[PDB]
Amino acid sequence: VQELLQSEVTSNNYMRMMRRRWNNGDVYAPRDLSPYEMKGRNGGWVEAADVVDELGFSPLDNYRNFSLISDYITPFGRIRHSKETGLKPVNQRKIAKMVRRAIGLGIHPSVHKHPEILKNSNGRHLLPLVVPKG
Amino acid sequence: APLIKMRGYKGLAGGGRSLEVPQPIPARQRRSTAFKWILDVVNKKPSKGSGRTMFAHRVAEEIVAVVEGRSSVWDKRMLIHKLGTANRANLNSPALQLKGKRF
Amino acid sequence: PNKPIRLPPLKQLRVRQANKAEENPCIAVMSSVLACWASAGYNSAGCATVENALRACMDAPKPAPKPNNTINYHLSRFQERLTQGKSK
Amino acid sequence: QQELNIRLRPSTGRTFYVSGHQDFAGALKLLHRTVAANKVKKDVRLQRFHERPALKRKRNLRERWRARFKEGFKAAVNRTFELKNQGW
Amino acid sequence: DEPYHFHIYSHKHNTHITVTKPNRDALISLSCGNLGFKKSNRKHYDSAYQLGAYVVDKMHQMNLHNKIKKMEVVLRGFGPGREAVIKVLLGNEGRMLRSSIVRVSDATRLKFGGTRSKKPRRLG
RNA sequence: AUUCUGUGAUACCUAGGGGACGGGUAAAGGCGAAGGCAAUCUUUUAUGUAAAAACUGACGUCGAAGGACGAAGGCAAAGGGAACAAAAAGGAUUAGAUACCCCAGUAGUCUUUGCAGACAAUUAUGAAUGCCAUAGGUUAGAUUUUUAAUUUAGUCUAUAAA
Ligand SMILES: [K+]
Ligand SMILES: [K+]
Ligand SMILES: [K+]
Ligand SMILES: [K+]
Ligand SMILES: [K+]
Ligand SMILES: [Mg+2]
Ligand SMILES: [Mg+2]
Ligand SMILES: [Mg+2]
Ligand SMILES: [Mg+2]
Ligand SMILES: [Mg+2]
Ligand SMILES: [Mg+2]
Ligand SMILES: [Mg+2]
Ligand SMILES: [Mg+2]
Ligand SMILES: [Mg+2]
Ligand SMILES: [Mg+2]
Ligand SMILES: [Mg+2]
Ligand SMILES: [Mg+2]
Ligand SMILES: [Mg+2]
Ligand SMILES: [Mg+2]
Ligand SMILES: [Mg+2]
Ligand SMILES: [Mg+2]
Ligand SMILES: [Mg+2]
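So the protein sequences, as listed, match chains RR, GG, 11, TT and KK. One point on numbering: in the entry's author numbering, the residue at position 51 of the first sequence is 158, and numbering is uninterrupted. One point on numbering: in the entry's author numbering, the residue at position 23 of the second sequence is 229, and numbering is uninterrupted. One point on numbering: in the entry's author numbering, the residue at position 84 of the third sequence is 85, and numbering is uninterrupted. One point on numbering: in the entry's author numbering, the residue at position 18 of the fourth sequence is 166, and numbering is uninterrupted. One point on numbering: in the entry's author numbering, the residue at position 18 of the fifth sequence is 270, and numbering is uninterrupted.
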């Protein structure tokens, strides 16, 4: 029966090469199945629009949201460039100042994401601990 | 026969020192280096007898010492192999990749 | 995020190395051989296989080079139409 | 945790765990990509000596233009093949 | 329970390897100079590789490949030893310890401003 | 090499104290008369920009002098002192080496109050007004059939007439 397991491996292998999610109503031509189209030359998962305008919220008024701060910093606590956020310069400055305020006020870490957010993310039982040592 | 050769780049290791980097060598270069080591050990040995077989038999005896592992050429093979392992990182040294890219 | 700029007038629009200057395919094999000698030793038996692979390199012929890439010819056709001009 | 407290330090953010679909060799590759995207190595090189404000401002202008010129050059190279494909 | 640590500090001129207990008490704190490498021979990639292999060997003698069930690898600095020692743990020497690794951390020290550094050197 | 270390260093930690500095964001980006101004909260201050109306009704521009402001270094006084670092000094390199490099290191940089007024204080381009054809970016708004165009005020790139 082991000969059936390797088939599942070969199947999922090809499924990884089909770098496209078909949806209902999507029109396709014989060209949309060739490698040039499946390769996905686009090396960037660009954002559609400025979410700050689409969600219509003032960043500075939402500085107390720990999840919102961790969303606009890298795992190392560094504010994300406008390339990753896809925001206008005006909205980028409001979200950057919203992160600096939370970190400056001392309610959010500066070199990683909030501890309570790390408790939920994968690697919960593996988080670095502090042995009392005494 | 060794498997690598040590090429040096002039003035790229520091204060006028060279950057030694190993590289592979084809068969003819491997056999040529090997047999020339054997002849180097042969010429330095003393004379034994007389006749037309002096040089021939003196070389053949060294060929046997090599197969038995008791020859001196085995040291020269391991000596050059050490330089290769001791410099395997120079293949990507900053000097070998920054010749004229620091205007 | 802004879009790519329109290049200023250049003397010539071209890429330095049109064809990818691929690396000798065996310099990677030698590194593996040099890696075993550091961990398993020189006169060991484990490295007896990698050495055979290294000896197999030089006994094989060198692949022939690919035809030149005509990218630079087409870049020179669309320079004035793609940039702000051409410097004299 | 309730019994032991988490060690909150800069290394806590630069941590990558080993799991089923990610082994030690896989966590190293992920650690290198994130350490590169965050330019940790560049900061260690820039923080080794002091650069007064004027020199830092002028160094950024030179590097920021080479980045726009390079980005605008890749757009012209690929725009040339969009036209060549059409047959122009 | 916190794992053991395998700190690997490496800079331009030397590399330090420290194996600590869960409470971060050093068990094996060695450097390239402990193997006899003198003033300038400590910066070589090869010398950092032998230090890694030496530490791994000394761990076996202490019977740590059986005592250590969870271990963390902490990297500090971008010297030659950062890659050399990794190929020891990832190679044939760390065969016994490779299975007990659960984390891979980077502890390179950066300053957000901080004290002023040396003035730039004029080598020419 | 001087130098640090068996009076236990480097490395790895725990617990306290101190001083400055300001990572990412960040851009051809912005602000001010210029000098200059980049972590954060509250408090506080004059200009400037867009669109509509309303209001005053030439109330404008330039401006010797006087006064004010004016980078870094410096003087004076009282603090601070981690780091950096003129001076002084040591170790190297060198034909010689004050030097470039290195081990260390005092003024000084920082705080408060005055003095001082010289700068590649630069756009090597005083301020202001009327006017002259386009194109491609970018910054802050406004209008719209908010897709994208149109438009006001900035800034930069490449050109026409000149
Ligand atoms: K040591
Ligand atoms: K200025
Ligand atoms: K000093
Ligand atoms: K001297
Ligand atoms: K414009
Ligand atoms: Mg004869
Ligand atoms: Mg100095
Ligand atoms: Mg010189
Ligand atoms: Mg002590
Ligand atoms: Mg402080
Ligand atoms: Mg900054
Ligand atoms: Mg203004
Ligand atoms: Mg006036
Ligand atoms: Mg006057
Ligand atoms: Mg002053
Ligand atoms: Mg002063
Ligand atoms: Mg004083
Ligand atoms: Mg000052
Ligand atoms: Mg005055
Ligand atoms: Mg000035
Ligand atoms: Mg005037
Ligand atoms: Mg500007």
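Because the hints were derived from the structure by calculation, they are not lab data. It is possible that some hints are incorrect.
Stated by the list, open to error - Each computed DSS-like pair below joins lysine-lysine, with the alpha-carbon atoms no more than 25 Å apart:
#  : chain 1 : residue 1 : chain 2 : residue 2
1  : TT      : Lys177    : TT      : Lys204
2  : 11      : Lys4      : TT      : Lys232
3  : RR      : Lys190    : TT      : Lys187
4  : TT      : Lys232    : TT      : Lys222
5  : KK      : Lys339    : KK      : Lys264
6  : GG      : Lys307    : KK      : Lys273
7  : RR      : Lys190    : RR      : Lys201
8  : TT      : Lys189    : 11      : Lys4
9  : KK      : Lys370    : TT      : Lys204
10 : KK      : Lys264    : KK      : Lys291
11 : TT      : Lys177    : TT      : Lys189
12 : KK      : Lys370    : RR      : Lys240
13 : RR      : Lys204    : KK      : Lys363
14 : GG      : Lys307    : TT      : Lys187
15 : KK      : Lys290    : KK      : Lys310
Said to hold, decoys possible - Anything over 10 Å on all C-beta distances counts as not near chain 11; from chain RR, calculated:
#  : residue
16 : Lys146
17 : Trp152
18 : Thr181
19 : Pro239
Positions of the beta carbon are idealized from the N, C-alpha and C atoms, including for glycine.
Results for each hint:
no. : hint                                    : verdict
1   : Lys177 (chain TT) <-> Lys204 (chain TT) : 32 Å, violated
2   : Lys4 (chain 11) <-> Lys232 (chain TT)   : 22 Å, holds
3   : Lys190 (chain RR) <-> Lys187 (chain TT) : 16 Å, holds
4   : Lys232 (chain TT) <-> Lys222 (chain TT) : 15 Å, holds
5   : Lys339 (chain KK) <-> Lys264 (chain KK) : 18 Å, holds
6   : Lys307 (chain GG) <-> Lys273 (chain KK) : 46 Å, violated
7   : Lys190 (chain RR) <-> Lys201 (chain RR) : 16 Å, holds
8   : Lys189 (chain TT) <-> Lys4 (chain 11)   : 28 Å, violated
9   : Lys370 (chain KK) <-> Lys204 (chain TT) : 15 Å, holds
10  : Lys264 (chain KK) <-> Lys291 (chain KK) : 13 Å, holds
11  : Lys177 (chain TT) <-> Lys189 (chain TT) : 16 Å, holds
12  : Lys370 (chain KK) <-> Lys240 (chain RR) : 37 Å, violated
13  : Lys204 (chain RR) <-> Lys363 (chain KK) : 20 Å, holds
14  : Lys307 (chain GG) <-> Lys187 (chain TT) : 21 Å, holds
15  : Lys290 (chain KK) <-> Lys310 (chain KK) : 21 Å, holds
16  : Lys146                                  : 18 Å, holds
17  : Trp152                                  : 13 Å, holds
18  : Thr181                                  : 17 Å, holds
19  : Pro239                                  : 40 Å, holds
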